[PDB]
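A single chain comes next, written as structure tokens; it is the form deposited without the partner chain.
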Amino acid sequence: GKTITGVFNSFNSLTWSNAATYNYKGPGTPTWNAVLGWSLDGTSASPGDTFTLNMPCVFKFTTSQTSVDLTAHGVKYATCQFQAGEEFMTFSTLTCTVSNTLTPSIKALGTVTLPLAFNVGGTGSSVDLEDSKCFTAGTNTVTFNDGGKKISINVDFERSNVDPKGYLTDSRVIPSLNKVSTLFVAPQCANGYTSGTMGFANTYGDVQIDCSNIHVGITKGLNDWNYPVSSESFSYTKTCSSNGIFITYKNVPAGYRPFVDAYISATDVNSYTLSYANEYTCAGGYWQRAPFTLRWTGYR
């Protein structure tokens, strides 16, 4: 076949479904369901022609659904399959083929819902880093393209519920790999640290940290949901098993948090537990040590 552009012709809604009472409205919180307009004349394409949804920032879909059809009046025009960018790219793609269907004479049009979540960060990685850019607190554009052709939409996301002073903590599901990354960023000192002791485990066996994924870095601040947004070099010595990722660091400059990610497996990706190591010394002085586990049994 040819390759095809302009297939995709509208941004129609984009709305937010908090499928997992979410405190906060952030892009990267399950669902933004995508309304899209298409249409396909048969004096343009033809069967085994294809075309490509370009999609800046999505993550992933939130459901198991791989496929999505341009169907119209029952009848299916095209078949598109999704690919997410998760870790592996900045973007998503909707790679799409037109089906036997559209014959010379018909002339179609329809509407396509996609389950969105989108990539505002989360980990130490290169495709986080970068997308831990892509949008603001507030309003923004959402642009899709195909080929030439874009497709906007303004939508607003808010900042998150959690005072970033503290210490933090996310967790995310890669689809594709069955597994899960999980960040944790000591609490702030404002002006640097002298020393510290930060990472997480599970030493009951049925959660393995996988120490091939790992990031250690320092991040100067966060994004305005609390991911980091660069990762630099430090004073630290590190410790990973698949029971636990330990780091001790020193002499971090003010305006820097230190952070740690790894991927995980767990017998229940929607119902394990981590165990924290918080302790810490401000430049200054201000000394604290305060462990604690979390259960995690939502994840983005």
Contents of the next structure:
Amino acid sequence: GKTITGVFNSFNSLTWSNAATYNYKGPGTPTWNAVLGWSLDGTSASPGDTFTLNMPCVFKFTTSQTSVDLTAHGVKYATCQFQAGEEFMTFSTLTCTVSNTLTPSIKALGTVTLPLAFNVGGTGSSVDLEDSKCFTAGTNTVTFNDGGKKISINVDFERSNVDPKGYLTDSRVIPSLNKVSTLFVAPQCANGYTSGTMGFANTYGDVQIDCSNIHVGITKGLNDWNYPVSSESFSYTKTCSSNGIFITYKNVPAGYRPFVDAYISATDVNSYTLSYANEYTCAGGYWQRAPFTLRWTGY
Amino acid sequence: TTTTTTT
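Can I have the other form now, the form deposited with the partner chain bound, not the form deposited without the partner chain?
Full assembly next; the chain just shown is listed first.
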């Protein structure tokens, strides 16, 4: 049929259900259940018409389901297909088709629940740097839209509990790729860095770095989830192979932090170890060489 | 074991 708008009409609730044992209620820590109110009227919609719900700042749906139904008073009236923005775009979408049940005398009011992870950053991609500015710790307004009608709700987000002054890491699964983006930010040298070496590697043979999906940059500070907010060029050299990515750098100015990220593949994306190089010399002469390993789990 | 959970 035609494209309709204003089907999703209210943002009723946005509530977190810790999907693992996360220590903070962050936008990117799954799962946020977004409950939206919707209405369809057979006098103004027909089976086969379509509509789309735009979701800024949403990275993925935290379910293996590919679609969700719009059901009310026990009758299915539409089917909506999930499209996760992931690293392709800063927003996610629902694309919905009205069902044959929406015969002309039906007036349907219902709700639907969507299991979400927001994007508040994680790499130096354009998409992640854009979404690194979506939210801050504390009260935020979250807004979705159907194509005219903006529907909003306020929500409380907790900052990361990790002290931002140390080294920083991240690993986020990218479901459509079966890859994981992984980040490393050097410990903070507030007055700048004379030099340093940093990076990460496969440890036991079960991990492969994807050298075609990497970023190396300096960021002007970090957001409330310890993610880069900018990415500028600077003086470094790099080596990249499937076994690991490493940089050596010099002369990073005060107020900036160097970071490296990469997509990785693993035999089991839910259980793998990475080995990190971590050496730096702050302007002023403080130095540390402190390599380490981390065990990453999805179970 | 000390681990970090992915997202």
